[PDB]
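Only one chain is shown below, in structure tokens, and it's the form deposited in one PDB entry.
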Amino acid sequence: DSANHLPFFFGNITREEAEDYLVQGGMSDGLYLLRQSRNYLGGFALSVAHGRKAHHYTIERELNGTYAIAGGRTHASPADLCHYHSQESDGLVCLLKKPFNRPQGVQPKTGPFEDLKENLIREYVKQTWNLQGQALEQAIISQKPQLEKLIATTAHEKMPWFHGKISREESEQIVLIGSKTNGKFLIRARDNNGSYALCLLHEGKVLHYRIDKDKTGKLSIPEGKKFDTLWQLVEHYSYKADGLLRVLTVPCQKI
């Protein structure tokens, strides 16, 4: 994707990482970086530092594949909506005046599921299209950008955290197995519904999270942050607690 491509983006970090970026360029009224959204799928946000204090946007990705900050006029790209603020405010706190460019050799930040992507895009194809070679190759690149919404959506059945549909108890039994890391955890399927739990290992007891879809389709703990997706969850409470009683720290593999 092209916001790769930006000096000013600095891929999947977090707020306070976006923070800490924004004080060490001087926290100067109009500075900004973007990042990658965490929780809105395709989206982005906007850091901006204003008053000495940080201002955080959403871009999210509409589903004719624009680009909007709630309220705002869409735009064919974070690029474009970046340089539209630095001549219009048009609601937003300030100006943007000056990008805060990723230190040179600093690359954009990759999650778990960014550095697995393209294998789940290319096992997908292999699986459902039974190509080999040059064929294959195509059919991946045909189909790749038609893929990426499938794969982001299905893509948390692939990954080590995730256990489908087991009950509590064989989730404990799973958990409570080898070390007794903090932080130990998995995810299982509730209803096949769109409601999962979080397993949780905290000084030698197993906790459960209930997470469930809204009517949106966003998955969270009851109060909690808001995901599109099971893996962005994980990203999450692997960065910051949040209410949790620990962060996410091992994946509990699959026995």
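Rigid core here is just the name for the largest C-alpha set that superposes within 1.5 Å across the two forms. Numbering follows the first chain given and starts at 1. Compared with the form deposited in another entry:
- In the core-aligned comparison between the two forms, the C-alpha of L131 is the only one from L131, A76, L150, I177 that shifts by 2 Å or more.
- With the core held fixed between the two forms, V106 has its Cα displaced by under 2 Å.
- In a rigid-core overlay of the protein, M159 has its C-alpha displaced by under 2 Å between the two forms.
- Annotation: Cα of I140 displaced by at least 2 Å between the two forms, core superposition.
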Given for the second form:
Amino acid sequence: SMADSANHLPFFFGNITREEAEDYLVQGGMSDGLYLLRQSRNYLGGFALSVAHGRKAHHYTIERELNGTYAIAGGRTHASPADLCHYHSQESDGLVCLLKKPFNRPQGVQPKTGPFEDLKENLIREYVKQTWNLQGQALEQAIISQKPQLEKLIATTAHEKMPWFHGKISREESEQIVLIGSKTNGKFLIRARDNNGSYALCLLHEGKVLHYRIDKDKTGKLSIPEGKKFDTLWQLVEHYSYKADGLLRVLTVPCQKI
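Next up, the form deposited in another entry. The previous block was the form deposited in one PDB entry.
FYI, this one's just the chain on its own, none of its partners or other molecules.
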């Protein structure tokens, strides 16, 4: 377990992209064993270790295991990503090199957060208050006592309340609602197709509405066919809002509901 729900290391950048992490490693000299930590953009509660070696960047996913420990795939578990980084500063233990030099956040640069991370604590507070009828200290104690389970639940449901999620509406309703108003390129929504985690991404491109399939594979991972895999729709939306990555264009303005 981390000491707090949020990471606070001086070399943690929050939810920067692979590309932003690489830009920071170049800014820091791309010296062998230069590294930073970012929040995983496709593994819930996960991190990514971005380290320079051979004037190349190497990126490792650090998963949160079921017991609240952290591990790169097939590696020893660690209490926290802080412990993982300090350990890999002493033993390579499978990494391309020893971690030698943390690249720290430049002065006054804060860890990046997404829409979900900015809503998360308040969504959990509202859920415990309304489910259990609690106030003040009692509310605060209840949040803390089940923090890990509450974080998993709010993550799985938070999309329902977000502006781009229109629930169970038809293909036809989606084309109609996307084509209302300014035909801003990248205007988008996500709709449900069934109750079994199948969805569609509806995207405005040169006055035409495209539909991409979003499917839950047998692991519980959401993806567009041949696309990056995510634990949540809010992760998927954050990714395709940064770069097209196979879409005809990047997602921009969420289509307003009615």
